[PDB]
Amino acid sequence: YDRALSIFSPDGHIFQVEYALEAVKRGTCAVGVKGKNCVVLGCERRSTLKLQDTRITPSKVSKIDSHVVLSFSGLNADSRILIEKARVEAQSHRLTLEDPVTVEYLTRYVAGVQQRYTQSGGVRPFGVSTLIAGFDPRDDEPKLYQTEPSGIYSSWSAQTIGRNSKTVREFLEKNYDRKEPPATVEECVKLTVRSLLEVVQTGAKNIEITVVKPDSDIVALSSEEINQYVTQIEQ
Amino acid sequence: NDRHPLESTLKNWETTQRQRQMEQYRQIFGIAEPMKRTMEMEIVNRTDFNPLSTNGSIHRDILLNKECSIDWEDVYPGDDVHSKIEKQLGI
Amino acid sequence: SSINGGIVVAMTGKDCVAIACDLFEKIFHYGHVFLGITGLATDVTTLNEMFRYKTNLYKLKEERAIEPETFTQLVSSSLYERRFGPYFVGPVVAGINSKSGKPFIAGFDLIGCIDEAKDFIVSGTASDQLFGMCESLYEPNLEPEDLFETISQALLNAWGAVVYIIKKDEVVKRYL
Amino acid sequence: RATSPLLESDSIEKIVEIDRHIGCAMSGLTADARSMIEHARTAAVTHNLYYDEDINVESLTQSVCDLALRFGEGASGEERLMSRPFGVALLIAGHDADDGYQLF
Amino acid sequence: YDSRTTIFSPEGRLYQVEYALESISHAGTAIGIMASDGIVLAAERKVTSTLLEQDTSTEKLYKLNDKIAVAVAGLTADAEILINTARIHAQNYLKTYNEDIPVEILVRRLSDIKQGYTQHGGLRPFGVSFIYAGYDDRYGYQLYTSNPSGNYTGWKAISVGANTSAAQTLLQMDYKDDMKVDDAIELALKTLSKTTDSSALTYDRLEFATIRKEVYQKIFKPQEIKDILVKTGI
Amino acid sequence: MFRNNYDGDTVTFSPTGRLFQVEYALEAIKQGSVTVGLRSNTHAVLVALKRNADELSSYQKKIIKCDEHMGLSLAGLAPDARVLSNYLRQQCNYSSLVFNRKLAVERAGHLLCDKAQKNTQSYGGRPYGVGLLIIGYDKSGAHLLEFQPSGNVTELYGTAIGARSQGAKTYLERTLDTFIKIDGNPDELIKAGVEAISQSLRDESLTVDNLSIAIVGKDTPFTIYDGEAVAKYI
Amino acid sequence: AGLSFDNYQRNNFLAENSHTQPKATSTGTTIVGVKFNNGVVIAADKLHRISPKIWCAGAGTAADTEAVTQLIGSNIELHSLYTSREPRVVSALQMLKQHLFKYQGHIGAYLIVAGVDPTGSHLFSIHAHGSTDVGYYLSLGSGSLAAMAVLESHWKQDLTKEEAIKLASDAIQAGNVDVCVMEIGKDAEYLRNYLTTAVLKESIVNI
Amino acid sequence: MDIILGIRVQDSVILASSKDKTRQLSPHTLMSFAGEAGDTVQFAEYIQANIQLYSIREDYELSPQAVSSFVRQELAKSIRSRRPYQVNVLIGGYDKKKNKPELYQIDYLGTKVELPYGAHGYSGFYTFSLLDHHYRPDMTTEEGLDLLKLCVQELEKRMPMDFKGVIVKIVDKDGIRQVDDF
Amino acid sequence: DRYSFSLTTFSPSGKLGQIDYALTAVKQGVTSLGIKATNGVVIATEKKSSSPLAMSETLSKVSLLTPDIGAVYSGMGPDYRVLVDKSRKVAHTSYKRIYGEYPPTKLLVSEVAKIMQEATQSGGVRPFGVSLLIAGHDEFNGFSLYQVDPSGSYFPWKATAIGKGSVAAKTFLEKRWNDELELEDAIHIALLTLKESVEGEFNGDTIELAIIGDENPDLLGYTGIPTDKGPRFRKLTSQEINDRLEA
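Protein chains in written order, with the entry's author numbering: chain D, 4 to 238; chain H, 48 to 124, 135 to 148; chain J, 5 to 27, 40 to 174, 183 to 200; chain E, 53 to 156; chain C, 6 to 218, 224 to 244; chain F, 1 to 234; chain I, 2 to 46, 62 to 191, 201 to 220, 238 to 249; chain K, 1 to 19, 33 to 195; chain B, 3 to 249.
Bear in mind the hints are in silico, worked out from the structure with no lab data behind them. There could be a bad hint or two in this list.
Chain D side only, calculated, beta carbon under 8 Å to chain K, not exhaustive [what the hints assert, rightly or not]: (1) 66; (2) 68; (3) 90; (4) 91; (5) 94; (6) 97; (7) 98.
27 Å max Cα-Cα, derived DSS-like pairs, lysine-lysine [as the list claims (entries may be wrong)]: (8) C:241 <-> C:228; (9) C:51 <-> B:177; (10) C:195 <-> D:53; (11) J:134 <-> I:24; (12) F:61 <-> F:50; (13) D:28 <-> D:53; (14) H:58 <-> I:182; (15) C:68 <-> J:75; (16) C:100 <-> J:77; (17) J:191 <-> J:77; (18) K:113 <-> C:218; (19) F:181 <-> F:139; (20) D:182 <-> D:169; (21) C:185 <-> D:53; (22) B:231 <-> J:75; (23) I:113 <-> B:88; (24) C:68 <-> J:77; (25) B:116 <-> B:177.
Using N, Cα and C, we set each Cβ at its ideal position, and we do this for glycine too.
Using the sequences provided together with the hints, build the complete structure.
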């Protein structure tokens, strides 16, 4: 039953797609948190060997437009190409329609692309689960969606993917109160840093952070070392 | 009216020529021969996928009996590999 | 616009070839073969880019610079492409063959019929008058400096003019 | 079926609308259901555009099951569209003046 | 779960790509180092015999464009087609934007190509891995490495092929970021000499290239290779 | 036992000289409910028993009209039933338009058997799993063509297909000398047809909601009875 | 692929405007081919090689006559190496007729093809759009009529190579001259030409 | 009426047009065009889409010269099989890599020139009677703006039609800047 | 059915099964060898006659791709024949009609290696079971002798021997080859070496030998316009093979 994509398992599963989703667990941890008005994405960068060139290709979290951010875990090679197709779609939408892509629309497109690469047995499904996030054009509501190799996608207040995901997700489940989500950017960043610290034993050098804000503002931090220290002081 | 007169006919010359040849063969040699030849052609095209080399299959030349001929369409021959995979599989 | 129709003239003497332009230059070089072009700005620019592309690919594949006769065949074949949609160009090619060492010059028509000659070539507006004034002004086996003087005078007897003097191992650009 | 409290219970649509008088509920692998719902909405809007009239629920159900039929030959001789049948089943609900409230 | 490249195994891993990663480990070592003022490529050619025409073979290194060079490991046949596609893409970019291709964009294209053949079931992964080297105004000198999996990574000094672990350890021990080309050459030659299975690693076994100083890309012929090898006194 | 080594696909024969894959398709009819048809010189009648999933659900359409002069009943696979019924309706309309001529019953039967047969020759496609009774009247008199998914089509005075149909077939064999001569009295012919299907039931009784009858003749365009209409025939 | 029409609309628009179309090169006035007892001679006011002993002279557009003749020459080279036997003229004629028919005469070629092959000597003519003719002596081009007049006023059976060359040259000049002679069992022979203001600023550009 | 004027100066590139007709391509490059409605604007927004796609992919804005080459190539591609439809373009920007402002003109046939100043439409011959005299490549941005003001004054002198007043867009090291109508 | 799983896939040890099997098939093939001399190249092979009733002439194992290039093989003959047809078509269409001159050995060998390689990784074709010696002369590179393997890997040589007699012939050449070999000694060395692998009759009908030497205007076929150089490829006849072998 696991030999092909086109055949259901007797209990109703499709073991090949489930194996692909398990392969998504191979990659490094990535997490995203929706604040009241800001979205924070953190990523566990693989511990860099001292011979790696830090000044080039440092970020896994990457941009799909001025107002959308994409993060992922799993097979990096597939992720780059999925991101490329997402960018192509975003600009095609900007061309055919005056308004930019709604984050919901972009995540639907990425889910469709992933699903389409599963419709036939001739192609391997992407071993990746993207964490598209951003703010809808001219709209203040933060949005955060997760995609899976099967094409199933859902919106989350906070979600984790990749290596040792369960530890982070359980921590967020306990510590994230939907009645009072972290409002200010600093609180959301501290929550993200705490969440990743439960998995990344290494210092702050491994934790990358991306903050996306309404009105098409995206910024990546290089000061979370202070945030890491504060959590250390709280620890 | 805006197109060059030779454009419409020459654009698909090879395929229409092959279709006419198959029609003649069906008239002379019955349904079996066109079936065999078209199935050879389709089983060669279907199995040969290689996006990088647009040059084309050798066996395609062998079966068309143009393994020793040259045409201007041969002298003067979204493009990413993945687009080609999508297009070829129709997925 | 005044930018189209610029004259191009090519001439050869002892152990050197001289190619000159009446002016955004219209004389372009790849490896050591020089290509002068006359015609529409779009066509000259596009042919420049396309020939740079093809000659760079040839150089990388062979690890050897392309020789003027091979380049002549390449340009003729390229111009035959779009035979039904020809470019509006009258290009002229010149250079020095590395191995045999003989200077080479050749003209073309818009479809790529190689109108080869080894005394001189002109193309563009006033081609007939320029041809007459060069025939009445040209002599064979000139020294490189005398060749430069002759070609400069020919253009002057047709501002902005650029003339290339190409030796075996050195090329001198000059503006007049 | 909120797997964790972090998921947005307000943004997982197991119930959706196909037309003003016609909606549906779904279950199973939602990926195929997305295509099924999109096809249903496309058919309904195309019918309203062409005939300037409301789509009968039975016609919409037939059209949807026709898409579901495509693991083999289609109802009109169309070639197979997919290697497997949908892992989705749904029940359509709507109203038609000639049929009243009915559930397929 | 290896007859097909399109299917994951229960452990969420591709056996076909891992076999390809094993394949390149059999090929001759290829090593690259970035200096403060230039890049140096060295490569030990696995194939060797007294009758082989060293003076013109140069199948272990390749040139893609002015100021961009790559060393390759694995199948030469597989290397050739990717090198050709890279040359076409670089020249096409130059024709379109009238600027030299930033090497990162080239590496992105080739990494996507190598991934792509891991995707379609009728296409096996490319059994090659490249060391990219080149110059661009974006970042100056930089070394990129790409595997059959279709991924790539930036490096200051890296080795590829047989005994890659030992060469990597030697580089990690000896490397410095302020080195210059004329010393990076000594480092690379020492690393290859201590990584090879040969007794002395004579000039015949070795193919070499460098980019330094607008920028001159030079691939050394065996005569100057011997001259340099005696210059460093192996 | 050995059957399991040769029934994997529609293409492979077995050393016994059989083709098990289409044999299974033929056997698939046994899962469907009984449907009966019978012939008379002036009239030909269908009788079918509709099955519903549960008491909460409506009953299925076992009888489909194609034109005012012919229609069909079916048993077996729902998807194949839909496909074949729609194809036959499309071709009947095509004949009626292109030729302005009502599609002959035998012509339709062979036109559909040709379609059914082709799928048994090619890999991937599966044999159809729907047995159906085409009934119609035209210039050549009344007809009733039994159909089987394996291209086999024959004209019968009457027959029963589906689960426990052999009892109805036995009753029809025992009354063939009788019900044929009932031409000119459609009520009596329908009563005979219903009395034929009654022998096929082991659990449930015929009722206005499950039973369904169709009749066609020179003076009667193809008509379908259901609901309270069939009460007088029960 | 092929001879792309990727500028036809632009060329028409430019022609409608002031931009003058540069003219294509012509191909002289006259052509003649004369068959004689042991060979055939083809003359023109340049000749095009199809195969060592298959030669063509082309009237009309020089670029087209060169391109088509050279393409069929390469194709016949492939054919000869394919069947490992000497190519023969009739194959060249069939290929030329089919080719110039395929493009419906928009390729402006009016060709004379002559050659010697295991079947002996051959001589033919191909007009645009495939209209073909065969004969002992032929002529094409604007000046072909006077050359013909000379030919039927002089040609006769059994004449030898010297008289063939004389007649061909006379027919051409009746319209320099270069003639090619094919002798059965011997190499074809191509007989060419048988009949202070300088204000200066200087710089060096890298090779 | 549709007209565009563009003047390169030592510090900036000044672009102006009659009312729109302008699209930004990057933080330091912008494009202005003329031509028949619909087709020209369609091409302009297509170019904007492609340039923004490249900028996002490489995460690095593109030099004005490369953008001009791309625009010329794409215009030659679009004209490949249709009537030329008479589009005219100007491209300006701050070549931040080489720290020099550059202004390029492109014409419907697909040519490109590194003009110090240019125009299309009615302004191709008038306002040259003034540019020929007043222009210099050494002046500051304010002098360039004053020269453009004098050019539009000359346009008003030559035109009895009620000229609408052009919008003025400037590009510097600070990126594209809009200037209130003047 | 719109795709076919690749016939060639990596073994767990990192090798390719079909490529190694094709190389083995090449090994079992009949011997063929070539030597690059100072002023020429020689390539020779044994004719694998099924019976003395076969015409030696039609077993043209060596065949010219261009007037400057000649190829000989070992292994699956029909694959070699089809590949030569494609290679000649490529040598014309891809290079000659664009650049107006026959391709040099390097570029043509690269193109043929490209044809062989795409066969290595495809859904419905096995790799070609041959390895070709491609000798030839270039206007710049001079004389060269390239070898191409089933996988498409190619690399030049001064001398080689592929097939059944590979190892012994290669070891013999390794001792006999020298820098200043004239062509008339390269032919001698090749004939002596081939004598080691030939069994049974060894004469002009059992060994096919071709040499890429000086221009031969006698083979050009037409005279005048001396700009065109005579073909350099030259097959030796059985009588001349016997003469060269007799001494």
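Taking 27 Å as the top limit, are the C-alpha atoms of residue 116 of chain B and residue 177 of chain B close enough? violated (33 Å)
Residue 58 of chain H and residue 182 of chain I: Cα distance at most 27 Å? Violated, because 48 Å separates the two Cα atoms, which is more than 27 Å.
Hinted contact residue 90 of chain D with chain K - closest CB pair below 8 Å: holds (6 Å)
Does the alpha-carbon distance linking residue 28 of chain D and residue 53 of chain D stay inside the 27 Å limit? holds (26 Å)
Run the distance test for residue 182 of chain D versus residue 169 of chain D: straight-line Cα separation, threshold 27 Å. holds (23 Å)
Keeping to a limit of 27 Å between CA atoms, is the pair of residue 191 of chain J and residue 77 of chain J held or broken? Judged against 27 Å, a Cα distance of about 26 Å means the pair holds.
Are the Cα atoms of residue 134 of chain J and residue 24 of chain I separated by 27 Å or less? Given pair residue 134 of chain J, residue 24 of chain I holds - Cα atoms ~23 Å apart, limit 27 Å.
Tell me if the interface restraint on residue 94 of chain D is satisfied: Cβ within less than 8 Å of some Cβ in chain K. Since chain K brings a Cβ to about 4 Å from residue 94 of chain D, closer than 8 Å, the hint holds.
Hey, residue 68 of chain C versus residue 75 of chain J, does the alpha-carbon distance stay inside 27 Å? Measuring from Cα to Cα gives roughly 10 Å; hence the hint holds.
Does residue 228 of chain C lie within 27 Å of residue 241 of chain C when you go C-alpha to C-alpha? holds (18 Å)
Given hint residue 88 of chain B paired with residue 113 of chain I - CA-CA distance at most 27 Å: Roughly 25 Å between the alpha carbons, so the hint for residue 113 of chain I and residue 88 of chain B holds.
For a C-alpha distance cap of 27 Å, please report whether residue 195 of chain C and residue 53 of chain D respect it. Answer holds: residue 195 of chain C to residue 53 of chain D is near 20 Å, not above 27 Å.
In this structure, the hints that do not hold are numbers 14 and 25, in rising order.
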